[PDB]
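Asks: Listed below are the residues making up each chain.
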Amino acid sequence: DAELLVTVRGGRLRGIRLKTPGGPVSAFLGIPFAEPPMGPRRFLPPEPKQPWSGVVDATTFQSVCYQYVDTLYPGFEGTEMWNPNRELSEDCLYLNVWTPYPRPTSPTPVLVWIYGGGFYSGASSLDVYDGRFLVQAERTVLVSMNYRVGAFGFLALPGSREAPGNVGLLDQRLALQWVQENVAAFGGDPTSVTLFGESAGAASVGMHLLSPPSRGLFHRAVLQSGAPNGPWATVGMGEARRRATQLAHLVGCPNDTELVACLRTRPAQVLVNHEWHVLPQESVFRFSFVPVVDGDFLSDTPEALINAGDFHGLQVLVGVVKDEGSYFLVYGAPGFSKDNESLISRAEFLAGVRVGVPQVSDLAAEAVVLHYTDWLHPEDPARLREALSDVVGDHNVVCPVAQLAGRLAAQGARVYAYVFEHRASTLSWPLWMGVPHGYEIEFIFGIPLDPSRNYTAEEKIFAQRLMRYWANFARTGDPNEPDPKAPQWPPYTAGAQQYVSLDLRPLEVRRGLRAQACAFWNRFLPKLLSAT
Amino acid sequence: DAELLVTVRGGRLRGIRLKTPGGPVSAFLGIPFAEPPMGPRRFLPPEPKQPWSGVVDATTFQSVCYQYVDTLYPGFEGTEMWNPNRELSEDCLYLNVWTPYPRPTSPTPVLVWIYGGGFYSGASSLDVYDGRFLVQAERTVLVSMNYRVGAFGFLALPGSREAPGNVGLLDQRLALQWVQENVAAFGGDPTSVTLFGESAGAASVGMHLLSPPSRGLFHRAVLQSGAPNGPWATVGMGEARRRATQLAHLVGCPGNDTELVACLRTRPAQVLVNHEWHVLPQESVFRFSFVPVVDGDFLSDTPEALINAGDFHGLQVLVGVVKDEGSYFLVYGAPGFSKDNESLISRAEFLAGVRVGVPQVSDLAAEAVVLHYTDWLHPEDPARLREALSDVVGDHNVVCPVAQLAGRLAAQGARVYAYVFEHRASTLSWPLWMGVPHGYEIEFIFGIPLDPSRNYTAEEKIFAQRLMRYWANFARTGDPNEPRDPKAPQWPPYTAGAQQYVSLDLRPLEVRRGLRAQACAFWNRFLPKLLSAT
Ligand SMILES: *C1O[C@H](CO)[C@@H](O[C@@H]2O[C@H](CO)[C@@H](O)[C@H](O)[C@H]2NC(C)=O)[C@H](O)[C@H]1NC(C)=O
Ligand SMILES: *[C@H]1O[C@H](CO)[C@@H](O[C@@H]2O[C@H](CO)[C@@H](O)[C@H](O)[C@H]2NC(C)=O)[C@H](O)[C@H]1NC(C)=O
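Residue numbers (the working numbering), protein chains in the order written: chain F, 9 to 540; chain W, 437 to 970.
Just so you know, the hints here were simulated from the structure itself, not pulled from any lab data. Just so you know, even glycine gets a beta-carbon here, dropped at the ideal spot from N, CA and C. Just so you know, not all the hints are guaranteed correct.
Only some residues are given here: those of chain F computed to face chain W with a beta carbon under 10 angstroms [to be verified]:
no.	residue
1	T113
2	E356
3	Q367
4	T381
5	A527
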């Protein structure tokens, strides 16, 4: 329909028109951007998609990347929401574009979405990552893409030409390169690209921030509940290989190329099956194959890379949800389920801590306990739970995010920080888990608007507000209104440290993004780990 | 008057009659209870006063043991109330007895007061420690004794027989023994006998709980504002001798030991006293050179170890802190602090202040202390740092200790009752920022507002009276509250888990729970682990 055929540096594309309670949108799903990473090319960097005869179908989401699937609570809304919803293939390197109707005439800004769940899982096709509502309500090109997760994206033997590591990141970067070359063709501005992502997505955005060759392919960044300086988010050559060889053995086999080709042969689902076995102690919020500090894609540990980086006039929007910790608990922490009240007892809390905060000496542990216990009521299992929720939340998400925000501001980036504190009326998860890790996305992607779904109609008015903030950011590097009418959203900075709450009430401006606790995690705890 | 003549196991005593707005009391001031600890006796245990002929004039306060005299704000009211009001002498082992004007014919109960003062100062004769008001108004017998402080009471060259250590404690003990054998002849019941003291006086009392021979000599305990497990209140044999020697050195001089000691028994007392402060390990606030020693003798083992592993069934004890322990101490040596300004310190003076506050501890332990005490939204804010430093000093040295003991005592059979005295006396001459500072509960407990000449608000006198009641009650029964009265504000038992304490001020009793709980977890549970793995 002219609108739905397009030409990209590699061939023609037949798009598919799409349906919105307010407008329509052109969408192009499953654009191949890489030669399938297979057989001998598994564990290797991507190669750019070879050009192609005739017209490529782009009507339909392509296959999801080979990945563990969450057999924990079979068929629960909230669990299943994140599981794959297409064939699993190792042939999974496709991306999707959403552009408005009609294709607009002058170069418009592009939002590129990197998806979540610990580098072990995720796909660009899940329902919650639907372009339409956002592209329509705010006219911005939107791209999401698929990158290799778990060992197929992240397994590394640092040193080898064989599996050099971080290839899932390389995959993301190739998507960004394809975005330079091609977004022109859909009305997008190669020179106004905002990255955004969540959990490992947010950590990915940040790694792109720290990695020069990525640095020319976007201009602004949104980091949603993740930071590349989190304890879970990387892993250095040492452990990286120790965990790669330990998979090879754990799967029968086998001296460097040997180990790999000899592993390029095991079927997919077997690698998937042994993934969590390499993790080297019992632990919530830790994943086995994550980015590695090899000296190549990451030049050095993301703290050091972030202390001394190039940030001036970078604008970044970063945030966390009210209860980051809870979601994770029901996966290894003694005495947790969605079903019961999860009211725990001291000695469970205590073993909880050693699992929230894995492989840290016992002085370190008693340190945590001391901070997180309410010595007035060391017993009360309400507290003790909200407690272990905080411990996991802070250590892994909040504190790493606050650190980055601080360190970025002070090297002159305009940083806007949010705290999202609304529990979706729709929400499959116990009233106890509060607002959990992930439940901001729904509203950022404008899902309430699809009335085929139960959202209050005050929620639909929020959803619009958020999309505005996001798109405003994308457009101008400021999320707010381009009118001193509302209350202002002030920049985060190292001293004042101002964030805003995102809920139904209007923007309240608070100071101190979990300041006392971060003092402990960011400043003291490291001193204590390298003293003892 | 023949109400005033009395015969004690040693001989005869003339007393004196003292006025009270509400009555009169018979006072026996400066009864000798030991042979002068002079010459060859300096440093030695005390020997029971031997009988005398004639009548000892017990009509006025005897001498103050020799001690250093604070001259930081000279002639300042809040400073001089604690300095000696009598001449210093090494001949100072006297006690006093106050008893009710119709000398009770009932065997009435006994309150024994032990003055505080870092183990380095203080006298039973100070104005603030007047028995008359609490006696006339509660019909008890009140005993305050003098005991050797500083090097004279506490210098030890542990192991040798010439400076055995802890003789101030011994002085106290023998005064207790004198109350057994004699209180009887004044009113007092040699059973129902309650020990009470403040700061080092309190921790003194503490040590008497932990020392079997003393244990026979009193029934119930009060610890105001100090505990024997506090960091300042005892020193190990190592330092003891390190410090005795270091003294002997600066004072010129020298088996050996014997040789050191007797070359120190030769120096004028004043000379010993002038070199006292010079013997301390490093710069510090709330640390004192000569304190009791864990010799293995009087203190079987570190008073904490003893406190832990010990049965306390059958013991009732009343403990408490004031609202701002820390403040008073800062004006003696924290960077940036004065009575005379607003002591609005800088962050840099704060970090500085922590090292003098928590002396001799690794930088990592210090940095832990900094972490816990800093507000990280306002790391820079002066008032907040001023408060914070005042909490660091106060927590670590007083409250945390008191709390630890009180926890352990109740969980091991004691029946324990905590308070937090939070009333700022209308007459206080300390600056407002200091709050209710260390030691400023005493006037009240002793009932000094009731003296005509001290200009105290008349609502304060009620407070005073009120307090003497919880104290006398605790003295009598092992329980502070009127027993015949479900009707009135309960003071509950403090308790390892429930942790309850009253507040004492002008309002009727409140019940709060947790005695700086979160801090005390740092000081008592966490820091020791940190300290001993680094
Ligand atoms: C009153 O406080 C002031 C600050 O407001 C104090 O100033 C410093 O204190 C030290 C003693 O701790 C003195 O040696 C210095 O003269 C001061 N140094 C600086 C950095 O200014 C002061 O000591 C206090 N008392 C007075 C009036 O002497
Ligand atoms: C919901 O909570 C209970 C406690 O209320 C959980 O308790 C235990 O879970 C462990 C694994 O962590 C099992 O080995 C135990 O046998 C459980 N014991 C108890 C006290 O029930 C429980 O796991 C949770 N889920 C359900 C309903 O199975």
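Asks: Let me know if the C-beta of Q367 (chain F) comes in closer than 10 angstroms to any C-beta of chain W, holds or violated.
Replies: Check failed: Cβ of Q367 (chain F) comes no nearer than 17 angstroms to chain W, outside 10 angstroms.
Asks: Minimum Cβ distance from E356 (chain F) to chain W below 10 angstroms?
Replies: This interface hint is violated because 19 angstroms lies over the 10 angstroms limit.
Asks: Answer holds if the nearest beta-carbon of chain W is closer than 10 angstroms to that of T113 (chain F); otherwise answer violated.
Replies: Given a least distance of 49 angstroms, the restraint on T113 (chain F) is violated.
Asks: Taking the closest Cβ pair, is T381 (chain F) under 10 angstroms from chain W?
Replies: With a closest approach of 7 angstroms, the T381 (chain F) hint holds.
Asks: Does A527 (chain F) pass the interface check with chain W, least Cβ-Cβ distance below 10 angstroms?
Replies: holds, 5 angstroms
Checked against the numbered hints above, the structure violates hints 1, 2, 3; every other hint is satisfied.
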